[PDB]
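Engineer: Now for the letters of each chain:
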Amino acid sequence: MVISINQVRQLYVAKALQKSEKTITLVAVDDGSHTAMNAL
Amino acid sequence: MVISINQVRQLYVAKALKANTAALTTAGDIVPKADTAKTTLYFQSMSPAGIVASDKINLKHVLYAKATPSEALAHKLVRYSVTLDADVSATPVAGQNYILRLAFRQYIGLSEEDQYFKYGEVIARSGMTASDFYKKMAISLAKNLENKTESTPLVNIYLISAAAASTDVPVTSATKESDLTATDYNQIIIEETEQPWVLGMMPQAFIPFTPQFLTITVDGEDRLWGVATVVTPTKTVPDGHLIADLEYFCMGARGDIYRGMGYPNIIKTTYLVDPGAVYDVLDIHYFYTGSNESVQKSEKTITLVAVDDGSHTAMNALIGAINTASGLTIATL
Amino acid sequence: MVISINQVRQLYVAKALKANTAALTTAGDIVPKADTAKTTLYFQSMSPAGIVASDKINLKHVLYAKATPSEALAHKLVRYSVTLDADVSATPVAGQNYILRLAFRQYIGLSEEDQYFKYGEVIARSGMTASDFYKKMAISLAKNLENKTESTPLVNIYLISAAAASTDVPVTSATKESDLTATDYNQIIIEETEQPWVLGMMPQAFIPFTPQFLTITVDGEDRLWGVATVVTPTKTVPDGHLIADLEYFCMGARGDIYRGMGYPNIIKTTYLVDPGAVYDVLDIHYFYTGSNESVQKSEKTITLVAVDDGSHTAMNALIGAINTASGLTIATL
Amino acid sequence: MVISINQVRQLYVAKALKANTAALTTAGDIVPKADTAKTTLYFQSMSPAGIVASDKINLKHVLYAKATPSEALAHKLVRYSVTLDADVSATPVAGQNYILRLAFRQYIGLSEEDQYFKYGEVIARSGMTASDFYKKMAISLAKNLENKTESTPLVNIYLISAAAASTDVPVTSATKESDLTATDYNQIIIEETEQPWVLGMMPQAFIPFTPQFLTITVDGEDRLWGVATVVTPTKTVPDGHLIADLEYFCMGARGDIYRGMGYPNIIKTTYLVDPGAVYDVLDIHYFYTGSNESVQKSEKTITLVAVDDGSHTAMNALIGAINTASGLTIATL
Amino acid sequence: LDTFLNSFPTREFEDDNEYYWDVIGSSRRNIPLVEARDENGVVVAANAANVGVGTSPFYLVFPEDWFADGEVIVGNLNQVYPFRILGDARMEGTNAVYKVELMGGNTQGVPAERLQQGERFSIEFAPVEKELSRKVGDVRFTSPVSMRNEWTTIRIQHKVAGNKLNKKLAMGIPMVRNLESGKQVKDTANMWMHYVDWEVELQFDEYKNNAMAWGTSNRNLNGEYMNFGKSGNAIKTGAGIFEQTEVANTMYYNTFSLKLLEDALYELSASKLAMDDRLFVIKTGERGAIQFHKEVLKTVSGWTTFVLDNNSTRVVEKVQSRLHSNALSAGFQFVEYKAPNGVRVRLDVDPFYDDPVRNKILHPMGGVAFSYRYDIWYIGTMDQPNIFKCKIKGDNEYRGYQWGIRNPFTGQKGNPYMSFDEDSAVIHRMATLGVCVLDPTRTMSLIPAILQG
Amino acid sequence: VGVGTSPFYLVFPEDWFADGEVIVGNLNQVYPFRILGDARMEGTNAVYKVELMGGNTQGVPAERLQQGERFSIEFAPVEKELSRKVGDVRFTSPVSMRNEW
Amino acid sequence: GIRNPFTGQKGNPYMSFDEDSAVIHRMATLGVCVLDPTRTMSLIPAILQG
Amino acid sequence: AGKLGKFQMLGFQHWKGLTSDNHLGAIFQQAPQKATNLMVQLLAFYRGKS
Amino acid sequence: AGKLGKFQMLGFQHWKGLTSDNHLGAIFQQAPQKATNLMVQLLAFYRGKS
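Residue numbers (PDB author numbering), protein chains in the order written: chain D, 1 to 17, 296 to 318; chain Y, 1 to 333; chain A, 1 to 333; chain F, 1 to 333; chain S, 52 to 504; chain R, 102 to 202; chain H, 455 to 504; chain E, 2 to 51; chain P, 2 to 51.
Only chain D is shown next, with the shape it has when bound in the complex:
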């Protein structure tokens, strides 16, 4: 659903490895320990 943004928000999925603010969001799967994200 719709969120509030700091002028943009763009998500990339790592399935296999005057100021205008921008945010880049990377997601990856958890296997119980935090691997594939401390790998990012």
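FYI, nobody ran anything at the bench for these hints, they're computed from the structure.
Heads up, the beta-carbon is just placed ideally off N, CA and C, and yes, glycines get one too.
Any given hint could be a false lead.
As the list claims (entries may be wrong) - Rough simulated footprint, nothing fancy, chain Y against chain P, three-plus residues with beta-carbon under 8 Å:
(1) 19-27
(2) 30-41
Stated by the list, open to error - PhoX-like cross-link-like pairs, simulated, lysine-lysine; straight-line CA separation at most 20 Å:
(3) F:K66 with Y:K60
(4) S:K210 with F:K300
(5) Y:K38 with R:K150
(6) P:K35 with S:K442
(7) P:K7 with Y:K148
(8) R:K181 with S:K444
(9) P:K7 with E:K35
(10) A:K148 with E:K7
(11) Y:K148 with P:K4
(12) F:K66 with Y:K38
(13) F:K60 with Y:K60
(14) P:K35 with E:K7
(15) Y:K118 with P:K4
(16) Y:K38 with F:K60
(17) S:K150 with A:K66
(18) E:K17 with S:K150
(19) S:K440 with P:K35
(20) R:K150 with F:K66
(21) P:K4 with A:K268
(22) S:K444 with P:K35
(23) S:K442 with H:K464
(24) E:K35 with A:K268
(25) H:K464 with S:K444
(26) E:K17 with A:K300
Add chains Y, A, F, S, R, H, E and P to chain D, keeping to what the hints say.
Structural biologist: Here is chains Y, A, F, S, R, H, E and P on its own, set in the frame of chain D:
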């Protein structure tokens, strides 16, 4: 789901981490690419329709880059422990109706003025114990909450036995007292429930409540028969549904906003996340400042959502890659 | 796609085969259910939302029940072997425009009156062997057909070095003369292409083509310079994209016909066919007849699908079960 | 030349590095001055009229500082290798006039609309060897190009014998058939000319060209008798004429914008760059930002030049000093 | 270029919203054969005896249920081997295995070479008996499709130090005013704002036209635009006339031939045009008209049957002079070719093809490869334009200054509402635009390969 | 080089192109180029940062980035939302000639 | 910036910032007073404080 | 067969004989009819504005 | 904040601050206009009434 933005947000799924722009074969694959001077950073993601490169991050206009685990996004389900206040009586009164009232807010409507009350009643008898009372209360509560005709899964009722205070046993409208044999029951837990979710239509929402008791006459005086103590949550709501609604929204900035508006004549976007997986996130906030007069900051953010496996692998590697590429010092999960 | 029905057709996916109604947990499980009397037959299927059962088959009113293999449903891609006819000349004839015309009958439309013509040209020079000619012709064919600009895929050009008559050296508009270092090329294969497919809006179609040659003066007489012969195809288009549109159509019989129509006010059907897999099929035709004046039949079709590992293990066990259950003797492909 | 400015640019020549403002005696002497906190950086230059100091650089506000060598600025003279293509004929075809057409694109005007063509004609004979053809062709081109007697041929022409495939052989309208004796000539080279340069009013421009051939008749078809393939250049216009116009322009931001307008009623400006020497360069970009409500930026460049002497000794010392003084780490080219 | 674009009409929309139109086509089909099977289901190979001997029955397998019961279906050899659908189709999952019977007196059968993959079948009729007839036949339907186009936006700016307010020029050397053609013109203007009021307009309309014609699409096939603005939002470029058209009906040659051309143009005219209305008007550059001439000659030069005499051709005409009383001129040029049908190839050379600034690739035979390029732009006649340039109503372009104390663009000399304190001015100009070519297949183009990739 | 819309540098002999403008090489749209920032100066040369527009996903042939290649100015495309400034304009001047007796 | 979505103005003669946006700003100055706080008695529940 | 533009979903779909309502939903000629006069306002006592 | 009907697909949505056409397309306020004065009729020589 609509959200707030700092003028833009982007999302890219890290389904697999490669080491070159030549290994982006499967969709979701991604690599962080940065100059050896470490002046810019960007990500080459493999789209289902090919390959892409995220906007370029000027490493001297970086506001904050933090990694978020999945435990921090899994909504923790509120529990309420319910018992008999030993002040009025440590046991039930043999002729009093023990009514319980669960007041609900943010029922179908959006507001707190959207109130909704469900009840549970137990008229108590002489030889009744606390165990029997809790049992019958749970049945009365389930038949009104854990039924199969209520449009919404309001709560989840449980029972705990002093022999195993760690094990909670469920109670549904189908449960019968014969299935509840233990004679040592000491409380009734009442959790929230994961509500129905619909990608881009129905965001992950909840309906909280307060167990409000009614009065009984114990010694000719109106006194409450119980207490609703909050306990440490035990169940959670994984973030798969949040990340998918974030992707559904963040793929309407670098893509089609008429997601279905005009059905045969659409552009079908191919979202890449599995709402049944738990992702661990990385949000890099940065901006763009222009030249002499154009000093205003265009702030930006991009999110990377990788998968979790208990341990936070698949992001510590992603993090290490971004750190060696851009020199940034991001904390591991 | 849209198909012709003999008053109805139902589809059910058989992802996993179980032995009980209790084992149906995952959304592709299936059981063939019948009684010891062998008087009726039905299938208990696991849907995204709970168990379902198919209409009941009167085992005395079965008209036919045949399992097709996956190979039968894969469209073979017709391919020609283009050469220069040794009667005109076994080698190129300098100064002559060796033009080649490729006709396309079912171009964007669907009629045979909607044609499309793409060309390939090569002007020959002295000392030009046959391999050099085929090289140059394949290159000019790619640049006109396998370009990054044509709205649609049309053909797959190849080359065959007589030293390896099996391997089909491919060619694309990116390929350059130097990438082809052989001297024993003897034919220009031209194979039809898999056209693009999207579930439920673009049926799996093909554009058929015939290579038409042109004239060249060899010894004073206008003569055709080549001969196009069809050879046994070697690339087949699996049925994944086909079973998938079948489902899309046959699931609106059990469910919603308003697919995506009023975009936010819709019932989203969840489909279990993977368009990247290879399914066998098991179609069963039967009818219902009434009592003493409603003797008119109502023929009704039911078909089942199951992935193919190459040896048809999934569907073979499927029907072996149906035969142990219904007395029928369908043949194990 | 008129370069572009990001709100300003300025140049300071560095003939010597003295390490103290007391050691600045002769012109071109320079010393990088920076406090011990490295909060500001400036340069003290020994002008011919005394001493001047560069604007003060807020070292927190340095955008890019890169030292570029002299080779990076020496325009390479595009060469060509005209030869008979063995495809058509590895020897001249008697009776055919082998016309060659030089096509000049940026002729006096700036645009490519301003074209200019110089031709060359050679009719072949029996026994005429390739070398003999290249010979007569070079001569015809020279006698048609160099026969202006004013400034310079539009291109320089050379022959090369297979004996010494590296040694060129000039060919001008004064050259004679007898002057050219060797018979193992393989090709005609056509290099472009360094046109005249005038400080202030005639910048370093060039005239690009392509040799267009004209068609002859081999066995039965019109055909281009040769191929013009580029070879690696072997002559580079040095930097001197390029830095000199830079100074002439960058010394009207410090000095007078009028240079000779009111000719006798003008100022003599002493330019410290020798237009016949090679100079490395060192550009620094920085800005100024105000106190409050005055956060607009004023970007400004400071250029420093130093004679290259084989190894870049003059600029590497200047860089090392600026690093020890300012705290930067500019890389030594 | 500006004349080339003014040759097209304009369409005025209501907003900057992606739009689509309906595409309705053709109906008549014929079904391919997948397989044919013996009386026993055994599939017929190619090297096999005929089948259906003695009006024996057999099975035909198709990729679709398109034929009904009791219908007569014919193959490639129409009406020589007629097949009768004597039974409904028994579907093998998607293929409609019919049972058939030869119904034209056939006694010897039907060869196994006419019952092979690809064999095409249409529908003749459903014949029935005079008396006691039972039901046969059915009917069939179709459905159309649609297409889409987008828009784009452009921006220009120029900043000017404030001292350029009433900044006279000595005019030692005359002042110049660059023009659209490329020509300079000596101008008599002391103020230098005259020379920025011209370049911003010039550079801006050039931006528009160069994008309108030579714009490309930034979008993927998933729907994602791939270049992201400095703000972070994605840039949404459209596509130009050329890119929208060259997706269909475009050949890339390394060698031109009137043989190739007439085949293309005739085959098309047969499939699409009447006998008349096959008049094509090719548009080319001067080098192509030469290339056309030389090839028409190469061809006519092969008409060794006829003899060409200047009495009718007049390649050697008598001119008046004084060096002689019988003095002759000599020259000709081919400009048309009437091929064996109402197809007729006229020409129209346009300067837009010869421009050497835009065009940088050089044909080795002279000029730019873009003049060796033949474009038919309006095949047939459409009730409405197939190519039109799109604009929005009221929302076309916006101007604005971001200046401090002095506005040289206006001569204000005093700012109540300052933007900044740097004593400078900026001008900003933004405009949206787009173009559509409804059908890319209604335009032909013969292009040299060096203009490719 | 421009594989996966990666950025690279187009060195030039002067500063003729602005930020956000798209410049076109010899092929003139097959490979569109977008200017990523203002021109850094290497002496008199103007070094730009670029990236391929036009859906490019495979790059640009190295043979298409050698000396002498010609580049023109195509347009300056900008986003539809919150669009910051891009572009510039350009100028020229005459010449003269002489004679005697 | 270059255009105002608030008031509908498409051309900006005095631009504030170069990014194409528009931000509104509104402020009020307010006050409230009781003359005599003894004139109001209240009975507040004890759970609503502290 | 095949597509003409870069973003085109629909292909020419054909069927034969008996035409059910699954056919009419497969050619996009079925849609849920928007009940305009029916609309629920959720019942609550709105203590806002009080 | 729950499902009242059985097929209720929408949910009460809410955002703060600056919006985007994406925000408006996520709440079903952006739709593509259909060009009704435009229609491509594919061209052919229709030899069916012959």
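Engineer: Identify every previously stated hint that the structure contradicts and give their numbers, smallest first.
Structural biologist: No numbers; nothing is violated.
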